[PDB]
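Chemist: Spelled out from the first residue to the last, the chains are:
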Amino acid sequence: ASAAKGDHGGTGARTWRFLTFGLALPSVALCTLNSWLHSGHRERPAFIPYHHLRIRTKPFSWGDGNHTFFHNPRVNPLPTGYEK
Amino acid sequence: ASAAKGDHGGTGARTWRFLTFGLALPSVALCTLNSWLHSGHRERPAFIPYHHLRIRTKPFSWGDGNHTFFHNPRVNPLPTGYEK
Amino acid sequence: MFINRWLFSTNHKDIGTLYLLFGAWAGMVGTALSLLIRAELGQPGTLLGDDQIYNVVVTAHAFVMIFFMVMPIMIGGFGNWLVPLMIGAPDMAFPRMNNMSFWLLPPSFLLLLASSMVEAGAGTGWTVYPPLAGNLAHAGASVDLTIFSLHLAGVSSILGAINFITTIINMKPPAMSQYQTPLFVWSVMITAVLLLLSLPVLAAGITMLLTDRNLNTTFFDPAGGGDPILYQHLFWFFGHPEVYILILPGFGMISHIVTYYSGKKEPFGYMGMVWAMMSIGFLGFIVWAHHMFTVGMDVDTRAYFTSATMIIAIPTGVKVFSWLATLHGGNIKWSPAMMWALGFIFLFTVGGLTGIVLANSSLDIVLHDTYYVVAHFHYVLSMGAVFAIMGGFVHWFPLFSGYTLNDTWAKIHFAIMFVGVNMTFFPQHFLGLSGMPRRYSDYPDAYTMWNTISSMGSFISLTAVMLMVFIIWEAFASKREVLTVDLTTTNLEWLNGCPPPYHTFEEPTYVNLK
Amino acid sequence: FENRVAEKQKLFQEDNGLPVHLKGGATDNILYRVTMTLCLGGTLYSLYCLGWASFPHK
Amino acid sequence: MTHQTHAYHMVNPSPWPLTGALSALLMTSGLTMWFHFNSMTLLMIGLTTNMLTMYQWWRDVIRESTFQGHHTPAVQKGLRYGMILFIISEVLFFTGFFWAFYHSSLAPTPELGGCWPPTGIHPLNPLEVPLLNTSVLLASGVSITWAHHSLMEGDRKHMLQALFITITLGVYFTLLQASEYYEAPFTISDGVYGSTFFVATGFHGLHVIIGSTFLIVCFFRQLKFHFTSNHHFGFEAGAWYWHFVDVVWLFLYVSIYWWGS
Amino acid sequence: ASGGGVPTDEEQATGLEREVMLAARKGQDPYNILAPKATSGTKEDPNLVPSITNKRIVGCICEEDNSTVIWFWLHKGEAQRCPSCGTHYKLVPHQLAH
Amino acid sequence: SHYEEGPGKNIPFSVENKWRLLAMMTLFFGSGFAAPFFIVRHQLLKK
Amino acid sequence: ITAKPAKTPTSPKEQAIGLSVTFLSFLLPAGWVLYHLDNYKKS
Amino acid sequence: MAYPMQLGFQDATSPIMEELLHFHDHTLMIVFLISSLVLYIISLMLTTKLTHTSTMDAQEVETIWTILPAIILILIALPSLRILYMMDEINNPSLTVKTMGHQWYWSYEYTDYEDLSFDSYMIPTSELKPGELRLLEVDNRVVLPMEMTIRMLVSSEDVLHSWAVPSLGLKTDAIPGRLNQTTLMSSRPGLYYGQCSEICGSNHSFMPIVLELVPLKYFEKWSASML
Amino acid sequence: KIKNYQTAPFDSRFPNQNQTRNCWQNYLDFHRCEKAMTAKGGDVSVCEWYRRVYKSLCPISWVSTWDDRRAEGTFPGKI
Ligand code: HEA
Ligand code: HEA
Ligand SMILES: [Cu+2]
Ligand SMILES: [Cu+2]
Ligand SMILES: [Cu+2]
Ligand SMILES: [Mg+2]
Ligand code: NA
Ligand SMILES: [Zn+2]
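Chains as they are written, first to last, in PDB author numbering: chain G, 1 to 84; chain T, 1 to 84; chain N, 1 to 514; chain W, 1 to 58; chain P, 1 to 261; chain S, 1 to 98; chain Y, 1 to 47; chain Z, 1 to 43; chain O, 1 to 227; chain U, 7 to 85.
Just so you know, these hints were derived from the structure itself, not from any lab.
Treat the hints with caution; some may be incorrect.
To be verified - A few chain W residues that don't get close to chain P, going by computed Cβ distances all over 10 Å:
1. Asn16
2. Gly51
3. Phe55
Claimed, not checked - With beta-carbon atoms standing in for the labels, derived distance ranges:
4. G:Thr20 with S:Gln28: 37 to 45 Å
5. P:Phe164 with S:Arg25: 31 to 39 Å
6. S:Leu48 with N:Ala415: 49 to 57 Å
Stated by the list, open to error - Counterexamples of contact, computed for chain W against chain S with all Cβ distances above 12 Å:
7. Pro19
8. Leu22
9. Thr27
10. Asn29
11. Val34
12. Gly41
13. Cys49
14. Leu50
Every residue, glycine too, gets a C-beta built ideally from N, C-alpha and C.
One chain only, chain G, in its complex shape:
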């Protein structure tokens, strides 16, 4: 792509207000629409015990020391495979 919306993308609080509500925010709504008219759910990946993943050289200092911080059971398998 490229860009060119005529002029006035500089100087005047009214101009930046204009850009805030006429360009910035609308972009956010579009990307929000998109990110929701696409974002459903990725089927949880097949578990295969690769050695370069699920690294454990020292147990995490919390919980049972085998679960990453934002562990998500549906998508994050333990080194032994998915939880439940």
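Once you have looked at the hints, place chains T, N, W, P, S, Y, Z, O and U with the ligands on chain G.
Modeler: Frame of chain G, contents of chains T, N, W, P, S, Y, Z, O and U with the ligands only:
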């Protein structure tokens, strides 16, 4: 690499004169030394009549219409192979 | 001294006038060319004899109307005449350079005329795509003459864009902000930005086509690893912006006309109106590939381009609705100009909706390259651009000349043209849906009826333009000078009388910083 | 060198009714005339070429 | 028709636009005569009238500003916008060429060996002369800046000295680039690689010459005291243009010379 | 080292450039480069519109965020009012006396 | 400069005689409309 | 828009002539070429 | 193919073309709605003596006329994209045929097993046997088995051309040095016509395409008889 | 081992409308396999697959020119 020569790389004609003779020009001398302590001569490449090279869909409007503008006989073969 | 004044001008008014004259003339050439097209298609069989002449004609038709009629009239003509007058400026920012923008046009035109005379001319389509446009399928000077015409035209408009933007931004009364300039002025500023950014990419593209034909480069030749599709991308990156550049000044004029003849001080939703043009201008730079849906691009990118193309309807919708909101409660004067504006509003809407159909890549597979697209762009160009041009012309003609037109004849003119163009293009929707390709000089018997009706409509329009030539004659022949003009308080261009003196705003306006 | 800008300001501000492209003297005029001649002559020349090429000359 | 009470400039009728337009006609058709009917007369006449036009048009601009004092603050501000806008379109012009390059090199076709650089092409080494050119141009970015400051501080000798260095550096780049063109083992007719390489750096090379003569003009205008410590737009534009040329080179270097080979 | 040698505006500016330069120092604005400050616009404190002739066009931005400027010719004579807001404007002679 | 002003005076063609105007306009637009037809003819006459 | 009366009014007859001249200048040259299309096509 | 005085699309010979007919009906419904709304409003505005020439507040209605069109567009886009993805859908073809555009005729190549190749020219109107279609008849049709998924690969040997067949919902440009793929599938036997859809020079109007669909069995024998 | 071949099946490496690489790659791969199996004293019957595929997809003219190129040793692909 990176960069950081202490300060004063801005404001004062004396400063820019200082940078011109203390950094810019010396760089040119170094690159000149290098570009000459390296630049000798590439042995002229073996000629092989590839079809995607030495293109001629219409003769050049000068000379014999078969020689590119800055034709260098030592390194630029005609479609039929090197000249002499 | 005819010379000092007409060849060495530095006056925005005289230059604007020169543009209107050139554009009027070019339009005759373009109209003639459009008739030869319909003549050939008005009856099964072939009329011209060889289809290359047909193709040459179809091509020239496009370049003339687009580069030599619509742009000079809208931007060079109405632009120069009105812009300084609407913002109280003495002239443009670079009056000498402005004169070169004009004088580059006759040479540019000459080269286009020359291309169709040497060899067999350039029967490449206005898209001038390679290999067809290459030195093999089109050997000879023709395509090269066409490329050069385009270079000159480009240089002319780029220089023009710089002038308009500088002028509009730097030469307003110190207290007047950009949000206090009339919509036409905004419309020509946004158009100037689009020209400034798109024309150079075209120039790059056709320079590459030129070296391929004459310097043995292979940008577009697979033999050397080139790609004919690369041309398409560069051409259309310029091409979409160009179509919005052809309509924006029109959006501006229609706003002034609808407002004036409704007796309002200002158009409805002025800022929504400014927002809309900026948005259209912006989005108009990221939708180009909708002209390449049958070219073989990944499905995901085709989905992106149809999605992007559709959002352009939102800002366009606020404009159409704002025009209607402007009419609301107005004290309507049914003048010729108002008639042209009402026609534009509707016809443009039809042509624009039809473009939404085409935005669908899935459906475009079967509509691409058929007459359905020829119908679309003729609705938005022949009944969009042109209708604005006519409305603007009859409305401001008294300001430019100091004389008035015979209002009745003008309405007669509108009525005829209204019938001619619809008869000519409406049928073509059928041809497309049913499969008739574009750029064909003959057609399977089944498509006879519609092509026949269509070619007939084209003669009606011919009558209308002949008539128009007369209408201008009679106004100058009769000499009814103007006395008083309505609504000058909100229409500055009229404040200096008709016609305004050579030098206006010799002493600037006075605007308080309240 | 020496600053002779003030002297040229006077020559060019002199109310002689001459447009800036000639206000400089007799040479401006010859340049002007040379330029216009070449342009027009060359333009005629090109029109001629256009004609010759217009017809099949082979 | 009284005494004007606004600060803008109303320019005297001028024949230069007509002449420049005619020049354009002569060059394009002259190029058409050269490419097809192997003659250079028209093109030559065209080139000549063009220089004559540029010379006289810009001569007048100097007369109108330095000598007649028409460049009030309002007029200068306008000139700044015009220059900037001009540079912007030049950037877009070059963008077409970078597009072409990236298009070809990122998706090399079967007829090229399906690889980039195409089989059969021996690219130059970016650590040799191309590195040199890079250092020469950036160095002139620095000297022109010293020139500018010397000027604002009213130092005539140093402004001339710094301006001189900048110029020889640009000339030096031209000579080096010309040598490389000659030494290069591939040509413009060597497929998309040679096409892409020579039109992109060729055009840039052309801009380096335009920038140099622009600076040369500024040099002479300075010798003759045209510039004051506060009013010197001709120089500022000369400088902005020079930085543009500098930047474009950096992109060629990284794209075509480094990454593209 | 240092030196000097480049002329200053004060010494080399000529024509209109110099005129606006000099005029700017005395706080004056004969070339309408600056925006005029409004008065109260009453009949007794009208906006004084300087003119080098006997009429000047006035554009009244009746309220701060108006998109439309109201335009009208102010004549030599008594104070006229904006057709829209009634603000008063009175012509006065410009510094170059006609 | 001292260029003339007013209705019929800010144009490059004289509008003082309606019949001479009729002629000039006729030639003007006429030549314009005519050109394409003769080009088509010119092309048909080379082969 | 109000105007003074025509300084040099164009009577109906004058108009009829003006209209006739106009149309003709558009139809004759094209008719000539078109009529002779065959004479060119046959070569 | 197209019949005299036709208004819409040619009848659908394949499933995607059916899909398109319906999608187009849907879209057209909407354009009728909008265009009729706009005309009614315009006529409404111009038919009253009541006036209100003073200023009206901008913003208030602007939201309806921004949100509404946004919703309508999503209603056109969803279906549009669904079909768009179907057309490219991972199909498992039982035959591959190539076609190469040339300056003024198409040549076909069936090479899965044999080296079958042939040119296909338009039959001149003066050599048309009674009942044959004027600029649509080709001497050698491209025979293919009906009711099967064929893979077509389009390319060209000279300029650009476009291989199209309305009835089946196909149009794929033929570009030198490029192989474009499209998926053909007919649900009926018969003859189906199309024409070059990219300006390729003087005879761009005269290089039709005629497809002949018959059962597999007859396709095989035909293959062998063509060498 | 397939000779019950109908036509080149769907290949995820080349999933879009542009199949230029599909032809090219299979053409290359074949001649490379053929060369290896001939250069290490082996069976070319392994290389068959590629020939069927590239044969199905590649235009005749492309295959002809590439072969001619290989003969004269100007084939740009590295086989
Ligand atoms: C005046 C110039 C102009 C304008 C303004 C437009 C406007 C539009 N055009 Fe068109 N178009 C052309 C001129 C123009 N076009 C030309 C010359 C070509 C052919 C070039 C060639 O190939 O030779 C072309 C071709 C073209 C194609 C190529 C098709 C093909 O070749 O196969 C496409 C594809 O999407 C397209 C779409 C659009 C769209 C979506 C709009 C949108 O801007 C329209 C938006 C307007 C409206 C939508 C109506 C008003 C809105 C409302 C009342 C609100 C409600 C609406 C909805 C909710 C739907 N146009
Ligand atoms: C501005 C753009 C424009 C305009 C106005 C028109 C006007 C006309 N066009 Fe258009 N035409 C195109 C641009 C335009 N065309 C383009 C881009 C193409 C594609 C080319 C290609 O495929 O490469 C095309 C192609 C094209 C085709 C398709 C050819 C083919 O596919 O083989 C057809 C066929 O009917 C056609 C017919 C017409 C007709 C009958 C007119 C008639 O309306 C003519 C009637 C006269 C007017 C409607 C205008 C009169 C106005 C004036 C005279 C100015 C007045 C002056 C002043 C007041 C100052 N044109
Ligand atoms: Cu577009
Ligand atoms: Cu074709
Ligand atoms: Cu074709
Ligand atoms: Mg196409
Ligand atoms: Na015909
Ligand atoms: Zn007010």
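Chemist: Work down the list of hints and note, for each, if the structure agrees.
Modeler: Each hint tested on the structure:
No beta-carbon of chain P comes within 10 Å of the beta-carbon of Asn16 (chain W); the shortest separation is about 12 Å. Look at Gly51 (chain W): its CB is around 12 Å from the nearest CB on chain P, clear of 10 Å, so calling it non-interface holds up. Even its closest Cβ contact with chain P, about 13 Å, leaves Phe55 (chain W) beyond 10 Å, as expected for a residue assigned away from the interface. One distance hint, 37 to 45 Å for the beta-carbon pair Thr20 (chain G) and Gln28 (chain S), holds here, with the actual separation near 40 Å.
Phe164 (chain P) and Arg25 (chain S) have their C-beta atoms about 36 Å apart, which keeps the hinted 31 to 39 Å range intact. Restraint check, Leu48 (chain S) to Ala415 (chain N): a C-beta distance of roughly 53 Å satisfies the suggested window 49 to 57 Å. The Cβ of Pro19 (chain W) lies farther than 12 Å from every Cβ of chain S, with a closest approach of about 16 Å, so its non-interface assignment holds. Once the 12 Å rule is applied to beta carbons, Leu22 (chain W) is consistent with being away from chain S; the minimum gap is 19 Å.
Listed as a non-interface residue, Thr27 (chain W) keeps its Cβ farther than 12 Å from every Cβ of chain S; the least gap is roughly 23 Å. Listed as a non-interface residue, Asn29 (chain W) keeps its Cβ farther than 12 Å from every Cβ of chain S; the least gap is roughly 24 Å. Every CB of chain S lies more than 12 Å from the CB of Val34 (chain W), the least distance being 30 Å, so the non-interface label holds. With a least CB separation of 37 Å from chain S, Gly41 (chain W) remains clear of the 12 Å interface cut-off, as annotated.
Non-interface status of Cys49 (chain W) relative to chain S is upheld: no Cβ of that chain comes within 12 Å, the nearest being about 46 Å off. For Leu50 (chain W), the shortest C-beta to C-beta distance to chain S comes to about 46 Å, beyond the 12 Å cut-off, and the non-interface label holds.
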